[PDB]
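One chain is shown next in structure tokens, namely the form deposited without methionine (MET).
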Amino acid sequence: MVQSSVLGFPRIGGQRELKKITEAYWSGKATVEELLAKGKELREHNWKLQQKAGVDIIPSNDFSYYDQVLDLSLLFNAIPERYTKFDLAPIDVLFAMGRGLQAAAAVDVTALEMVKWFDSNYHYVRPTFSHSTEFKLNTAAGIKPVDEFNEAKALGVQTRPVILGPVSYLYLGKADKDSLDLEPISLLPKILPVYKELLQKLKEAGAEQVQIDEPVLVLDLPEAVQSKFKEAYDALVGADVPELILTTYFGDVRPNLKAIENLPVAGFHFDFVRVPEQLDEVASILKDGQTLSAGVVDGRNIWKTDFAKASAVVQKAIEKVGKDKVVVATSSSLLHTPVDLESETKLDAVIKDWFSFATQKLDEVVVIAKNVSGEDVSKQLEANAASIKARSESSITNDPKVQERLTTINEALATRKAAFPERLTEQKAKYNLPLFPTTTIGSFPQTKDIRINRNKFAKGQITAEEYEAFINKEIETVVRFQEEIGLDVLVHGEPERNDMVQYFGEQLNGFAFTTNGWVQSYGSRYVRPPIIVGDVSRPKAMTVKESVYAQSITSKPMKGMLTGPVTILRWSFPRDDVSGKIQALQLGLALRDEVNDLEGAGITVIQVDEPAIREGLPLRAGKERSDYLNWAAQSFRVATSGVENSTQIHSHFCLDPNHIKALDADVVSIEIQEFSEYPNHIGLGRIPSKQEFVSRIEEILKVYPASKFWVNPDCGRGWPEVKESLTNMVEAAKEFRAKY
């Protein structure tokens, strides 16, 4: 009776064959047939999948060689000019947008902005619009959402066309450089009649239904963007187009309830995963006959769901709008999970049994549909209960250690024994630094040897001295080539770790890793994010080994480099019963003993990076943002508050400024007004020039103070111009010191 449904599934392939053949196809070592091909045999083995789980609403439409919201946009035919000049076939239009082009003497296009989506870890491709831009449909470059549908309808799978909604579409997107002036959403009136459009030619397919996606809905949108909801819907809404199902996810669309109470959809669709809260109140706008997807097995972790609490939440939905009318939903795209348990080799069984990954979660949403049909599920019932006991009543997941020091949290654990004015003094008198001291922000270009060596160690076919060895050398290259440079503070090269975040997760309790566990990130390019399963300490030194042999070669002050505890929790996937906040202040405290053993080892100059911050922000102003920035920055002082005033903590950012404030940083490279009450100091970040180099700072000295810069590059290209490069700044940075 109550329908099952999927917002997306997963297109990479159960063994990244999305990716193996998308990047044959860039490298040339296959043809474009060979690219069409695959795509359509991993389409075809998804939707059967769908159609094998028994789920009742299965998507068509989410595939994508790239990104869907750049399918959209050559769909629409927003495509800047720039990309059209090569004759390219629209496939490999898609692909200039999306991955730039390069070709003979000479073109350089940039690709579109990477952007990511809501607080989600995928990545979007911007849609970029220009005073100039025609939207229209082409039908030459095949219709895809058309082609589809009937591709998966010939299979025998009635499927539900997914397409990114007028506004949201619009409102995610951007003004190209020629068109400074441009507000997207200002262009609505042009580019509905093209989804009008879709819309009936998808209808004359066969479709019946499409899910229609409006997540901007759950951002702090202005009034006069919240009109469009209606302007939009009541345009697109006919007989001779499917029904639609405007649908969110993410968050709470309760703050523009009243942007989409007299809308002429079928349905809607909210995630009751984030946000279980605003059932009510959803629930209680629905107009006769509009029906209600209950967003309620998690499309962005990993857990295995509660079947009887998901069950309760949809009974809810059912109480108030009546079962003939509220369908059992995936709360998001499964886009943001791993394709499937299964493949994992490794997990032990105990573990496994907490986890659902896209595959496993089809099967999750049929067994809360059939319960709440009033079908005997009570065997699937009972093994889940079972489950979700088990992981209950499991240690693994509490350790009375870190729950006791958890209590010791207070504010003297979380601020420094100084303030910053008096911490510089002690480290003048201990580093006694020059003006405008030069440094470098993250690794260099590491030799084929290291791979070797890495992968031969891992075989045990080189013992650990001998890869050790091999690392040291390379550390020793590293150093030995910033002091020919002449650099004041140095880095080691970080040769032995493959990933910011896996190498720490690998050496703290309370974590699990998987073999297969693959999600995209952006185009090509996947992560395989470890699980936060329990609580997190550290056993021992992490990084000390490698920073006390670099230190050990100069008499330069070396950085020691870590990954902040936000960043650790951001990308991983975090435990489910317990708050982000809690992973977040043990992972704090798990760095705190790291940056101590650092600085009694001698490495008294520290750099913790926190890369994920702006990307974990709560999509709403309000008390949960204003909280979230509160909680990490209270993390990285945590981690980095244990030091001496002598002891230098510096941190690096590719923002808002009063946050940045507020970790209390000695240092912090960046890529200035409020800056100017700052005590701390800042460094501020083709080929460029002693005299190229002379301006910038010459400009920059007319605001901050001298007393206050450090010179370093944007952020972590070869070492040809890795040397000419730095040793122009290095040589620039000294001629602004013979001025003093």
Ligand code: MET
Second form
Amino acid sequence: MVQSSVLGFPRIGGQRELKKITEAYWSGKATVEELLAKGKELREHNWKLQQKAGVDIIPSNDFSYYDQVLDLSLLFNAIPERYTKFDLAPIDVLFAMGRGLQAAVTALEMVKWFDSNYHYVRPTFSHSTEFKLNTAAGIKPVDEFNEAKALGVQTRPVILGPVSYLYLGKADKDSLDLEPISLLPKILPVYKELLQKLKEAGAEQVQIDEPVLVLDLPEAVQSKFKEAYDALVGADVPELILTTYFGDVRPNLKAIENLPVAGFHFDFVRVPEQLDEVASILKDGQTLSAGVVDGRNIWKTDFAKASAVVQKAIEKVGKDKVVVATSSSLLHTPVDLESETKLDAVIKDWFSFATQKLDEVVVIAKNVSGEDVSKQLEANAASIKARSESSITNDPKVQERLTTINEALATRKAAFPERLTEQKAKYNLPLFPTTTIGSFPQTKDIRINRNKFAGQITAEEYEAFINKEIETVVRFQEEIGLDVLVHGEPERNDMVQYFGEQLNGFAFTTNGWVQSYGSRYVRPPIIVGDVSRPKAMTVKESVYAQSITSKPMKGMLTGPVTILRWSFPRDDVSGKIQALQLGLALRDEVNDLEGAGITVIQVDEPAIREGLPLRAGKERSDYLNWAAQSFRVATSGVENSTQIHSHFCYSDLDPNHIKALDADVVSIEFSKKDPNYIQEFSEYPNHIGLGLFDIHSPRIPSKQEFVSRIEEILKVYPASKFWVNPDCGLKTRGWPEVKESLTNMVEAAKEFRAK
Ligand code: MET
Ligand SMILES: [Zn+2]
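The structure above corresponds to the form deposited without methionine (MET); please provide the structure of the form solved in complex with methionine (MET).
First the chain shown before, then all remaining chains and molecules of the complex.
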């Protein structure tokens, strides 16, 4: 009998109860006792759901009030001094590290979890760090194991392992020379103690996550697995199941071929082809947990194919040594498809969210065990086939159009220098031209009226209000003398869904929420089939903004890679194909914008780095090519005098890739730290605006501040190539904050314009 296994369950709650309670606590409306009661109710509900579905191996310690990695830092005392000097109880030290503490001290760094859409709080270490078990704070993994046990639910605790935990951390400000992994001998005793305590509580297995094995690791890091696991394994601890996800472990196979662990988990959804080689290092007795139900997307699993993978594993190691698992934690998928009331039922048939993936791992397990689940198999096969044959999935018009992609469709009519000559004649922009990135402070009035349009006012009262906001922002920008204006984006809720809703090939949920960080959740669009654009998406509001000013107005688009990476993608065609269809769809929008008089156009690609393949090699370089190419397919059709802008949230984004876009103008976050980067673009003729000030702050920089910053840039970068702008948009800043800061930026550029 083959077991089923789930690596973690999302904890936000089917109605977002976790968000409600944590925010009500942070605001001082709910007591800490209320908060902890609601956590217990969620964990119980989630454990019963998995038990009820028949899952054999059910996780604990996967729950968190903010972030699981941060919960480990509390547990092991990786807690910087600054957070400890306030009388704060453990849970509020937690929240302080997580989100900062204001009283009449900044949060720890937020980082993407691999190429997922989740962020974790970076483990931060100093020379002074003393690892030890922090027990007056309760021992969360023990407490939560014990809680499930009193429910009648035996669970498998999940903890991030010692190499991954250190390796993903970073040295604190006061210890810039410290190599986190050099702390391994100090943290291993604390892991051991924790594993002893879990065994004593009755845990017989622990899932110990070492996802850094899917990354490119130095040799001196790969050797630490033997060291760490030799020290942890023994008769006084539970059996350990070393768990990897999101990629390929084979280049690191030498590091784990001789570990004393009880078993391994691999992700055969992202990398099925690694099966033969990873199965070959299993020793006699070790188990193999085959990750075959996707923890990061929402498609109903193909039971035939998934069962074949499991069956290849069984054939290599034996049926008693194989487990059917989710590929990763279901943290990355929404809680429950049954909450969806709007979706067309034919589409819904193609989906499974977290709750449904529970039933899927059970059916697959039973199937390879030899139970008769014929009816589930046939129902599953019929769903798979309905999707594969649907007209939604396959649009011939879109397929034809893909056949037209080439270098020439992705190249501007003439090269930058000739384009510059025509753009200078057309706009006559001054030296140190000033502009912004797009969004302005979101007037409570407008966001009220948004909520009101959603019947209490009709479309035109909606138009008129959107339009007055635009006017306000435009007039504002004229007043302070900015050179290239924006419209403020008041009509836009979300930079991805705003486009997705206007594109063929997308579906949307009402409740398909996934945790992004702390209590902040996203509801991604779903790409269900071939993407195309039936009609103008942005033209109306850009035309209006350009009609009320003689300054040039930027149109504003979200790029193709970002739409792809912030949506749930199709799992039946590649990322590249999706991004190219989206590039072609945006190409039609660019055409319409340009035809209507909108001849300065910005494309925003904040998720470009997020999709970077986790290892170096062919896949990574292919990605960078197709990512730049889909941007070029969107933007390359325009006239030479049309000025194309590209905006990037990442600093220290790959200069080669920036160059590969051949945008007329590039804006980048740079208000943070090292000058060699600016030097990277000095022979590159196209223009660049190194973002001068942190948007995420609220503090007004002086004029002289702005000035000293340029002269650092100009000692590396030519003034003829240089734009002046903020780091990103100002959606989240305050109006008086914004008015003084922009006025200041402009007057600085004007003084440089004069001098
Ligand atoms: C996060 S990049 C998106 C930029 C967008 N145009 C803004 O200014 O809000
Ligand atoms: Zn940005």
